[PDB]
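Sequences are here, hints too, so could you generate the full structure?
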Amino acid sequence: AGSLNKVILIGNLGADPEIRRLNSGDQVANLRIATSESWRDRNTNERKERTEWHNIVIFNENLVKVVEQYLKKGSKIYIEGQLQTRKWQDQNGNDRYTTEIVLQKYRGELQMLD
Amino acid sequence: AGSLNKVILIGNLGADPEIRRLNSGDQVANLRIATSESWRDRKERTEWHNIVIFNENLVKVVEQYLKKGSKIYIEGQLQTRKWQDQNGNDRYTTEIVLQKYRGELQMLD
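Going down the list, the sequences are from chains B and A. Heads up: take any position in the first sequence, counting from 1, add 1, and you land on the deposited numbering. Read in order, the letters of the second sequence correspond to residues 2 to 42, 48 to 115 in the deposited numbering.
A couple of the hints might just be wrong.
[To be verified] Dumping the calculated BS3-like pairs for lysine-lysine here, alpha-carbon to alpha-carbon at most 25 Å: (1) 88/B x 88/A; (2) 49/B x 7/A; (3) 7/B x 88/B; (4) 7/A x 73/B; (5) 106/A x 73/A.
Bear in mind the hints are in silico, worked out from the structure with no lab data behind them.
Printed below as a string of structure tokens:
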């Protein structure tokens, strides 16, 4: 292969995890995680700050059960996944893209940091 | 802080890099990088990543060395920006961003 696709986040859940059971019986967790930053603007010397929101999708059964058991709004976690951008079509036939951090079955890491 | 936003990729440029001078006078590089994964049930899936580099020392590396096909390692941060389409509707685009003075890039060929 000769490639690597790895996202590592440490952040806080913006809301309680969303756990759904797909028609197949498979569980999936969706999380929304906040990461943030501060810095001096180099030209204005103003102090700046920016929060980034990340959509996490977890298919790994072990980690779903961890999320299910332990995670709530405000929980701080470490997570490792892969970036996947899915392509879809809205009502108008227009192509749309959604980028997610995906923890596939047998992959990914989640550590509770609280 | 108590937070971290880090993406690490190794992959190949899917096109020659794009280098531009913004109105501030700063330079920016846009690259597009493929990573891939194989599996059976033999299938391949290529993931395309859109990289924006504001770090001017790393823009110079892109300019002086990188071309279509080049294999690189890059460390950056995920940023999702908002924009409006032709009909005024909100849309979103997620990019791996290397801000001024941040990020890493190593040529691997």
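Between the alpha carbons of residue 7/B and residue 88/B, is the straight-line distance 25 Å or under?
holds, 20 Å
Would you mind confirming whether the straight-line C-alpha gap from residue 7/A to residue 73/B stays at or under 25 Å?
holds, 23 Å
Holds or violated: residue 88/B with residue 88/A, Cα cutoff 25 Å?
holds, 17 Å
Between the alpha carbons of residue 106/A and residue 73/A, is the straight-line distance 25 Å or under?
holds, 22 Å
Within a Cα-Cα threshold of 25 Å, do residue 49/B and residue 7/A meet the stated pairing?
holds, 19 Å
Comparing the model with each earlier hint shows no violations; every hint is respected.
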